[PDB]
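One letter stands for each residue in the lines below.
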Amino acid sequence: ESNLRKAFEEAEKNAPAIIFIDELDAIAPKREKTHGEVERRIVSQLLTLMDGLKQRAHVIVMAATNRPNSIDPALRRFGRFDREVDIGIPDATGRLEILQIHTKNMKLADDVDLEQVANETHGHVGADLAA
Amino acid sequence: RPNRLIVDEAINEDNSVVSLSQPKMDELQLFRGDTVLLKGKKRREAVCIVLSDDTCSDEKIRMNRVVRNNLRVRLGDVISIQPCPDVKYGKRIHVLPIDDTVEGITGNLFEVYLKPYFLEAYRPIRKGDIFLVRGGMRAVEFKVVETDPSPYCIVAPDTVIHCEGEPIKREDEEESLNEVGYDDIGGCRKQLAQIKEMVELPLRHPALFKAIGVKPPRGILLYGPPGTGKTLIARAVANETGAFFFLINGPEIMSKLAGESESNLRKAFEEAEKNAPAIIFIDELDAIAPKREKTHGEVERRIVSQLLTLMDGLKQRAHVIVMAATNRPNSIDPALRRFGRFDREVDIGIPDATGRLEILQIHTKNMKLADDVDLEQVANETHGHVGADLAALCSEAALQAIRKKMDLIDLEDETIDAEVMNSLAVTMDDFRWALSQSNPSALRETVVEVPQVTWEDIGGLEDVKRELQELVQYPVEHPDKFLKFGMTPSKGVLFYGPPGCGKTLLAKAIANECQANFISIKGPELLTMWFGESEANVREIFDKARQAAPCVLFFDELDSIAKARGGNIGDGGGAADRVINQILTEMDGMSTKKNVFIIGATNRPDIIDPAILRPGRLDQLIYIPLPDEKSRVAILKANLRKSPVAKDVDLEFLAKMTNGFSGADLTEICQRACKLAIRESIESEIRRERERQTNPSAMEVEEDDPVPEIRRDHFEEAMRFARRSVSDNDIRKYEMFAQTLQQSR
Amino acid sequence: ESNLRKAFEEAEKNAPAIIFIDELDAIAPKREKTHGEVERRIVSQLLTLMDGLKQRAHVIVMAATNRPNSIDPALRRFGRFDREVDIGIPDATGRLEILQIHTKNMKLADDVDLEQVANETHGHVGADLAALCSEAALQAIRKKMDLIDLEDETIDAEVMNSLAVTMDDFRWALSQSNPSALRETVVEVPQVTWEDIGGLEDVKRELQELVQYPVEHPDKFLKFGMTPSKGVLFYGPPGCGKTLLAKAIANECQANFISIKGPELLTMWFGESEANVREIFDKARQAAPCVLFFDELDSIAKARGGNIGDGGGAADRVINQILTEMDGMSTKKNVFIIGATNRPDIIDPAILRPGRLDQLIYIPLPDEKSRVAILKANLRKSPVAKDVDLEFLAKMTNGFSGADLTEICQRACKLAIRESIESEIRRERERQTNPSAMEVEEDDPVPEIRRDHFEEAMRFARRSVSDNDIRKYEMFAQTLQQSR
Ligand SMILES: Nc1ncnc2c1ncn2[C@@H]1O[C@H](COP(=O)(O)OP(=O)(O)OP(=O)(O)O)[C@@H](O)[C@H]1O
Ligand SMILES: Nc1ncnc2c1ncn2[C@@H]1O[C@H](COP(=O)(O)OP(=O)(O)O)[C@@H](O)[C@H]1O
Ligand SMILES: Nc1ncnc2c1ncn2[C@@H]1O[C@H](COP(=O)(O)OP(=O)(O)O)[C@@H](O)[C@H]1O
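Protein chains in written order, with my numbering: chain A, 1 to 131; chain B, 1 to 745; chain C, 1 to 484.
Be aware that a few hints might be false.
Said to hold, decoys possible - Pairs of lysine to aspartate or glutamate, EDC-like flavour, derived with a Cα cap of 20 Å:
| # | chain 1 | residue 1 | chain 2 | residue 2 |
| --- | --- | --- | --- | --- |
| 1 | B | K210 | C | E151 |
| 2 | B | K315 | C | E23 |
| 3 | C | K143 | B | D606 |
| 4 | B | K484 | C | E448 |
| 5 | B | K60 | C | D149 |
| 6 | C | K302 | B | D606 |
Claimed, not checked - Label-pair ranges, simulated between beta-carbon atoms:
| # | chain 1 | residue 1 | chain 2 | residue 2 | range |
| --- | --- | --- | --- | --- | --- |
| 7 | B | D371 | A | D128 | 51 to 61 Å |
| 8 | B | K594 | C | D110 | 28 to 38 Å |
| 9 | A | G79 | B | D347 | 18 to 28 Å |
| 10 | B | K315 | C | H102 | 33 to 43 Å |
| 11 | C | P445 | B | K594 | 30 to 40 Å |
| 12 | A | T65 | B | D407 | 36 to 46 Å |
| 13 | B | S331 | A | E10 | 29 to 39 Å |
| 14 | C | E422 | B | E629 | 25 to 35 Å |
Worth flagging that the hints you see were computed from the coordinates, not collected in a lab.
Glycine is no exception: its CB is placed at the ideal position from the N, C-alpha and C atoms.
Chain A with its partners taken away, still in its complex shape:
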């Protein structure tokens, strides 16, 4: 918990800052999945820390997760995380721009049909194309 507290206080000394936290479901699941006690303390501490962020400074916090269903509903009230943005799977065109970005340095020969590859690569993601 101290570390979390540490993070927050640093933002207080460091102007409007962005606080990004990753894999919330791994640390903030539903109470049904919670079998031990320490996780409850962690969730309560983080909720208290973030709810006390009223005014303070112009610090914005966002989180990364996979499924809002896996997230505990208590972290859905007003003043807490309310803005919701989803990132869908890109189409063939988006695959094309991703390939164009990743192939900027490469010396492609005069046989490359990026559009054809993008069409053939349905069901992939950015990491897939990078690899």
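Once you have looked at the hints, place chains B and C with the ligands on chain A.
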């Protein structure tokens, strides 16, 4: 004692107005424009202008918050009133704002605030007074630092106004006129009054309860959806009444390390005692006191037991009351519901259209809306939202209006200008845009309200209307003759007949007429509790129905379980039996005192088990005849309220062609005709724009949008490709079963 | 537990003493329901401490709980808790007495009907009545705040002497009230007398001989080796003095009464399946010699294979549990069991066995003079029909049930009430529409049943009872006819 009056709320928004009953002010020689000096405790004095009021009693005085704080007084206090018509116009007055108002403000406060606020105002002002001016979207404070003549002076067109000087520092004896109050809540009037009196009785006269000896309530529970201002209500009540409100947060409690946690509670209880009578608010009780089966460890049970011991051991001493808040009054452990514990429970329902309108009115007070607001439209179309939703919507609309102003505010400066800010306004397009990027939070929940369906919306059934009046209005309006006869009014009425005849419309109309709350239950959710979740929900549903007394619980598609009783599956006998048991046990268990009525509706009277059909149960039965002749005409009139006009063909003629048709069929006919009219308008507009564009950018004559001009053509076409969906076999079956049940009973 | 130990070590060393335990079930739930480890240690320590203090000793133990079964059963051996005392909710007499107790110092005005309130506040507790008294006093004080010294400090306790309460304050307090018992079994002697029922004098005599007779002269019963059967069944048309009969006989016997109907049985069908009749019969057995009533007993027989095609679950479970529990009734306690049915043909003969429910009684339809007496009983009310006292119309009511007669009477009463409402409304809006030309208020002749009500009631005459049901009843009676 015609010298002292008890203060209460004010209906006038001016800072120098007092409302009195006419005879009382006549006795004390008080009339319009009469300057009066008011003196109270703290050796504080003020000067005000007398105004009249009807609802204000002689002993009471309507007067607002600003002078309440100026006089350092709360509600119910007695004041010394003296007509003092010796005032003189001011000459040179130095006035300054408070320190916490000019932050990033700059500009000229004079021409924007002082100049308009003091135009033809003639406010009797006194040295040391403080007042507020509503800015473009903020609130500005101003305290006079010196006046001439002192201390009595009327603001006059000939004054030497000194606005120069540093904004004075905030006084620390009393905070300010910025925090919450009774004037900042909307949509909870009845419960607000209840809580207000239940806390005003102990918190104003503790010695009265000390001498009397009664036990004041020791715990009050509030339950409702999150973000409905429950904490706001508690804090506002505490601040207005005068106490030592000491909030405790649930989530931070178990965030501590074992025993220390509950020690905090103990410490809180300690500061509860030696701090005079005060109020304690506890939030998220379920987070700290869930159900017994929910608990898995031992720290949780120890915490719950510690809290129970602490609160039970509190027997009077300091006049301390406990306010608890929760989402739903079912997740809390039952043991904390007994006598000597939280017993008085209050619901915080979702605000209606009127509640939404008044809350939005409250939230937009500081801002400077454009002169195009249709607040009623927004309020009615934003159903399913809470106070937080409305506040967020207003904030977003203001922000977007600001954003579409960057040309004037291109980087502006680190110290913004007040004149530019006050020169802006928010239009309805901003509100619609904010609505576009908006999402309600209520969504899936029950709704309770008194509908607006009127009797004239349905043609015919005058005997049915009379019977409903007899069975609803009569018992409530004059129970005296009922008790003089001893006859017990029935509670069970059922409707049967052809579907789509607006039986639900009749239920809504009678609920509107009785001016009681309406609750609807539909067959889908009935089947939803038929499987999956058990019958337990029904229980609290009745409680909710019993909570909203007087109310009319409505059931639609009551034969759905009967349809599952005999159908293409016929395998849910146990679940159907459980449903029947639960509903019967709930309905027969209600007290005859409650002004709660039950209405059942179905179109399959032949399949309903007569187990429900019994005295002491749903026993009254009404058949709904199909629409006929003039009734259809009335229906043809009712759905013609709408908006368009079709003054080409007789409605009675169309009723003559549509003889023996269902009312829903008539509504479908009207809908199809209006669809054809919409298609005609669309194609005409498309043709006119096409002919205006084929001609190069031709704006020669604008073809005005045609007035609704539906001919016999559209009506005839609709009648052609639409017929009476109900066949005569259904009618004959209904009538034969009706006669069989008529002569079999 | 050290403090508990401390308590014990100070309990005996302080002369004869009494020890009370508050909310015992919170300390000793069932063993399986325990989840941690400290609670088991506490329970075992408590058991050891309380068992080890036998010696000579002078300390008695008090333990209070809500659910007797919720506690751990192990602490019920001899030396441990063995004697149980149930504290049920009071009755109207008890409610009135408690109200008197709480209001013994009240300077109430002589306008309150405590009896009416007590009858009105059924399903409450002593705490509820105390709260009602407190809030009534608060309302009375609130209605007269203005004159008392609210402006000054608290009253010198002499103005409050002038204060008084009203029954209207009590009604207002009752409006803002909430009972707590609600869903709770009721054990009491009913008040239905034999005057409430007409006809079936032979049936009444037979019931008397079955139930009353054994208690007065058991000497001849044991001399002849007679053990009266504990069980009877009723069959007949619905709504024909069935619950009324049980209430009347229980009242005459002046014993407690317990009822349960088919909806409850089907509630225990699924959900809380079984494990419920046991505690009900235990409650009856520990209770005073009383009567148990089983309404809609055929419901399970109606539900086992009737019209839905159920899953074959509680259909046998409930019946087997009931039979096993009643077979455990080894005389001694003089509690009787009564069952009611309307479709006895579906009942399996397992219950219809000697030792089990064996006595069978058919309930016929009322017979004119019986119908007349029933109507008179229903016609206590208030209005009186002078000219036509429902005689020739009563003659033509052949084939109707008592429920039908009650329905007709209620319809007539409500229509007369409607007539009074409309007449009074006519009078009043005529009085206000006219500029107060007339203001006299003479009582209308409504509180007297008039003949016109009789015709308008008989026009909507209801033939509720079907002769097919009667013929089915009689053919089934001949099917089980005692005369071969
Ligand atoms: N009736 C109301 N009138 C005005 N504003 C309201 C009302 N209800 C809610 N609000 C607004 O919602 C917010 C109140 O948030 P708050 O944290 O106090 O919620 P709550 O309903 O009291 O409880 P909880 O936070 O536990 O859900 C404020 O922005 C307030 O303006
Ligand atoms: N004045 C009226 N009289 C009869 N029916 C109407 C009237 N106004 C509307 N209706 C029709 O009644 C329908 C609602 O009937 P409802 O009470 O839902 O019956 P059901 O529940 O059997 O469908 C609406 O769809 C509407 O088309
Ligand atoms: N003296 C009487 N003789 C016959 N029936 C009566 C008499 N008094 C009342 N009743 C009716 O008998 C009914 C008793 O109900 P009950 O017979 O138990 O219904 P069910 O047979 O459907 O269970 C009451 O509803 C009442 O209307």
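Evaluated hints:
Restraint check: the Cα-Cα separation between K210(B) and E151(C) comes to about 17 Å, which is no more than 20 Å; the hinted pair holds. For the hint linking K315(B) to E23(C), the alpha-carbon distance of about 19 Å falls within 20 Å, and the restraint holds. Distance check on the hinted pair: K143(C) and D606(B) sit about 56 Å apart at the alpha-carbon level, beyond 20 Å; violated. Under the criterion of a C-alpha separation no larger than 20 Å, the hint pairing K484(B) with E448(C) is consistent with the structure, at around 12 Å.
About 16 Å separates the Cα atoms of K60(B) and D149(C), which keeps this hinted pair within 20 Å; it holds. Between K302(C) and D606(B), the direct Cα distance comes to roughly 19 Å. Compliance with the 20 Å bound is thereby established for this hinted pair. The beta-carbon spacing between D371(B) and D128(A), approximately 56 Å, falls within the hinted interval of 51 to 61 Å. The hinted window of 28 to 38 Å between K594(B) and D110(C) holds, with their beta carbons roughly 31 Å apart.
Evaluation of the 18 to 28 Å hint for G79(A) and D347(B) yields a pass: the beta carbon distance comes to about 23 Å. Under the hint 33 to 43 Å, the C-beta atoms of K315(B) and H102(C), about 18 Å apart, miss the expected range. With their beta carbons about 33 Å apart, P445(C) and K594(B) fall inside the hinted range of 30 to 40 Å. Here the CB-CB span from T65(A) to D407(B) is close to 39 Å, well matched to the stated 36 to 46 Å.
The beta-carbon spacing between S331(B) and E10(A), approximately 37 Å, falls within the hinted interval of 29 to 39 Å. Take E422(C) and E629(B): their Cβ atoms lie about 29 Å apart, and the range 25 to 35 Å holds.
When each numbered hint is compared with the structure, violations occur for hints 3, 10.
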